[PDB]
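Single-letter residue listing:
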Amino acid sequence: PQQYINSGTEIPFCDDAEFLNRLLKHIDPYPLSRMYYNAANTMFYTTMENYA
Amino acid sequence: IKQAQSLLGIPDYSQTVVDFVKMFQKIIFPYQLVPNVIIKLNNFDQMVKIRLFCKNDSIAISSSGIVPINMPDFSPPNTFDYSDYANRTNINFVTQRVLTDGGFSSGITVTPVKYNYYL
Amino acid sequence: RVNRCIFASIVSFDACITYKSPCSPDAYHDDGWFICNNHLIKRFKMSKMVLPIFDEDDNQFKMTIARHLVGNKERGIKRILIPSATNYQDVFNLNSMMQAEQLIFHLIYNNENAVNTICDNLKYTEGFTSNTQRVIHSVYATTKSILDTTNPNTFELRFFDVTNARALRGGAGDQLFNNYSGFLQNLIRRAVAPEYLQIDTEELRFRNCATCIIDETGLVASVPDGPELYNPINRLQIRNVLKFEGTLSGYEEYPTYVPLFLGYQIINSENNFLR
Amino acid sequence: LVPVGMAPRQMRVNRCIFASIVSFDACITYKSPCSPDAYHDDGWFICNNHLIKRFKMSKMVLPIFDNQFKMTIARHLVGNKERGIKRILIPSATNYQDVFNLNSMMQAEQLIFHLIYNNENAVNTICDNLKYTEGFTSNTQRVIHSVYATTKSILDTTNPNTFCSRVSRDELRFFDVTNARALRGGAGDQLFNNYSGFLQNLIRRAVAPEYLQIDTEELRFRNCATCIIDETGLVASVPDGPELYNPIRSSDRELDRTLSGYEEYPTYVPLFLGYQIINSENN
Amino acid sequence: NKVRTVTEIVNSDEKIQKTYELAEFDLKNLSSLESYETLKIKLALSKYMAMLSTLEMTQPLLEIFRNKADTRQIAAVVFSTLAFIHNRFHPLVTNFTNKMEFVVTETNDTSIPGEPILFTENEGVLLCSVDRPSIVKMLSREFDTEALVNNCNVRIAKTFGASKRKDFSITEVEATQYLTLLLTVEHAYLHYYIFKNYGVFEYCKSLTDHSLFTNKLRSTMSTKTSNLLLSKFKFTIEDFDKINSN
Amino acid sequence: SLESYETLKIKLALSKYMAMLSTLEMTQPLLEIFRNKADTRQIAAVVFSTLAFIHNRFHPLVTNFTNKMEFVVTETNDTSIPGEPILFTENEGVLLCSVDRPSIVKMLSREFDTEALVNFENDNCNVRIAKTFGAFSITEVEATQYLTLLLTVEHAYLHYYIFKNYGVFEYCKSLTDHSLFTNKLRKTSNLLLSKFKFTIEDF
Amino acid sequence: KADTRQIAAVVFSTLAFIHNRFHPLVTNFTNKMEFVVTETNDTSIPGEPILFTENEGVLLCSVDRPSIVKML
Ligand SMILES: [Zn+2]
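Residue numbers (the working numbering), protein chains in the order written: chain A, 1 to 52; chain B, 53 to 171; chain C, 172 to 446; chain D, 447 to 729; chain E, 730 to 975; chain F, 976 to 1178; chain G, 1179 to 1250.
Chain A with its partners taken away, still in its complex shape:
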């Protein structure tokens, strides 16, 4: 193992609700359909390359 963390720890969730709202606004015009398509095909093609 190149690196590791200790047991327990804590997921660093964000807190700034205003920051979350700003991000939501910034991402609203992104079509989930297109993003899903792109991500799925990216993974599929990378898997194809690895197999080949």
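To be clear, the hints were calculated from the coordinates, so they are not data collected in a lab.
List of simulated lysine to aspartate or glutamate pairs, EDC-like, C-alpha gap at most 16 Å:
no. : chain 1 : residue 1 : chain 2 : residue 2
1   : E       : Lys828    : F       : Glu1007
2   : F       : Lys1106   : G       : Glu1234
3   : A       : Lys25     : E       : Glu903
4   : E       : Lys828    : C       : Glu416
5   : E       : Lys945    : F       : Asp1088
6   : D       : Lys499    : C       : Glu297
7   : E       : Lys828    : A       : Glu10
8   : E       : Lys776    : A       : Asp16
9   : D       : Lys527    : D       : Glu689
10  : F       : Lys1081   : E       : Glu852
11  : D       : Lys577    : C       : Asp261
12  : E       : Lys776    : E       : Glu903
13  : B       : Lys166    : B       : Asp133
14  : E       : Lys963    : E       : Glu766
15  : C       : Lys249    : C       : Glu399
16  : C       : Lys414    : E       : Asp799
17  : E       : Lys866    : A       : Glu49
Given chain A, put chains B, C, D, E, F and G with the ligand in place with the hints provided.
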């Protein structure tokens, strides 16, 4: 200038811009180099090249380096041949060597060094 | 479950203010303490501890003692542990603490004038008669009951300034101890361990030199002379990630503590009194 | 990371100074009461709740006009029978320490007051005491620095504009009794000058002028002054005689048969005092 | 399909009958559900981006994964994603208990196709293997930000009913990168869940065939946990039948 | 309803075990205590207190209990017996209690199917809606761990009682064959092991 | 929406009128009631635009103003 002063740990209220710039006059001539602060200020003004010399000096310090006095800011194109190393083969070889030695995978960029009138 | 957590009988009479009262459980311990560990730590820089004396078979004399929470750099007010009535108002930032806590401190030091001033000021709270006066009554009654309980005069041969070699003359630390309230005197007895313990003509020495100082300013975590004793003390982050997975570890550790060691306790013909 | 390097983001900002009040005792959680009005980007830098609590003042709007301009204005919450110190609507720098019970309120609010009122000695005293009080280094120091920075940011936003307004030629304001033939007015302008820049801005936002000369047209909102200014500060007192009756109907059958849906004149007492002059609209 | 209603007065026999076509309410319901699901997914994605920002790493995601040297940040990001997915399945969990090891492979003979992120215990604690080259390749593959993706009657009805509205470095490309990373880590997390709760042999069998996921997960996931991210859409391989015949 | 009352009694017994744990006043949860090998004294005290608690329950009229016992926390595989994490040997008059700390830690660390399983309960949506309109803790996992440890020590205590009442010979024979306590209650009622059944089938 | 007081008064008067009709012999009626005009979908129930909850002794009357507006 404020960013530079903060990086050097200089209190803004303590240091004036004029003196901050003058700080590098000690480097201007003795190292025959143009301070980066002056370079950036000149670039800002341009958006809104540098050249200088000393009394009795035979050459001029410029952003491009050393230039014979009164000569253009760039020497004739064929003054120096860089083909030996200014080539894809050499550049790629050096870059790959750097990547291997440093164990890197990105953020590495090697450029052939061109030369003005003087080396 | 009597909660003797003095300084936890604090009610944020202000509606906008909520008092957490996050203080130590030991208040529910029917001990000689009238202030539990977290209050002690916060307002007197002391940590409760116990010092066994005889622990062989069933004789288990365990004298109590608290510890300095003062480093070797603090001085003056910073070093005073239990300030005198003349300087406690200055040592404590009463203005920075809740008025109920200020009232508790004023009662402890018998600053009736400050008590009257505080209740007069509370007179002008919006919900004064509704609940501010009720809070005043509750806090005042609790504090008064505790103080009366501590005071022995209500309805033994421990000397605190009698250890100090090299002192010019006078002692008088016991004078100021007498001047203190019953609660303060009991606190001092409970937290400070006499450096010597004599039982029926049998003297035990616990330290070669007392650690605390008592003077007009009050109780100070100072030394009788010389420099001060050394007294040291999840939100996953990028730095919290550890690198690759890969020196007297075998020996126990002596505490780097500074327990309150000062005074001489004299016990008469009474034997190993364990009641 | 997500955001562009630096790139200061843009969002709303709570504006009332008192919103920054927090218990220096980190082990004691506290929430200050803020009226939502604090989140309006307007000249007010105090929320309705703090305004009423500390200054005995309530915000209000005065339509002005063809184009209906809305001029900010505050109003009395002072009752008729209040006397003496109770009549100090906004204490001066020489009296705020007494009018406001620093002892009875939180240290952070005391620092806020000693900042608003230019009391550097008191600010320094509080800072040093907090340095030598409690676990200053751990988090109390950072909390104090945050509160101080917020207050100083608000003051630095206000004071430059306040000074420019003071020296301004086009816009002129004179906080005094326009009835020069009066004794309770005095050097109201001098006292206003004595006030801090941020305090001066608050006074401007709160007290409307008795008259208002726009270019060549003058509008007289009152034939009298509803408040005065003296050494004590802004006083909710009638300059000429008996105090104005202030019912305070809220907050702290034949008659109605006839008086069904029927226009009703409010009993509020707005703040009208002094002369104001302006060139063009500047709106 | 359709319904009808009849109004009539008690004392009178004159009745008024009206008919309703349920297609309108069906459109309402479908639009509401689509909007709700879109909002949920965008909220989750924003939350993921925000926590990664909270980690406060200077470089952008793709640059981080390209910087082979800084294994620290790669491990931090991977663990944070894994914990986020774990919590999304078990909201009451905010840590991961047992410490975690991490290794970043660098060669094909070290990587396994189809499972860039995988797990294996050293007999004392679990180690997560990362195929950083594969991650970089996925996140670097050029994305389509132009083409659209997809009953014509209801399509037209939605078109005419629904409306449209005409300082972050994030473009749709970066949002796609984040979504791809989340989905990959979700797949890895499902593998790890099956491992932990059904033994290493079951984990290996799942790796061989993911179909076991059906039971091994739906026993607990579909009931108590937020649906899988992929649940937002039904995915399929173009010309799947002919490809299988091939 | 009735069964709910017995459930309440069982949960009260668990709560009494919780009172015993609080009396011990351990800073860490038993999982961490067992994970920490250095806490040998804590482990021994936990086991001893649990055994005394079970003894009091099994013999309500008897408050006495062995006030001293030799203890050994074992870690190696060769130092443990499958199916008997706790053992009671005698070193020629000296009563030794062996503990399989790794096995305890494994059992505790095992993930429990709290959410996974769905079981019948008091569930009335009308009551929930009516309530809605009228308007230091222990998790289910922790309770499960705690029950597991209590039942483990119950098995150990039964073996110990066989040892003391009959002898080391019969204690060993009981370890070999556990059929003695298929009847169980025949005192025992206060033992949770007598409250349920568990079986294994070829499949 | 700003006419919250008007909406509440309308609802209360209608309720009192219906109460008088339903109990002609009874003229009494709750003379004070907590009111909340709801607008969000999550603040309304299909088929019950008006609701009567209790906030621990406090009688709250919730109104689905968007639904009322739609029907009208
Ligand atoms: Zn506010």
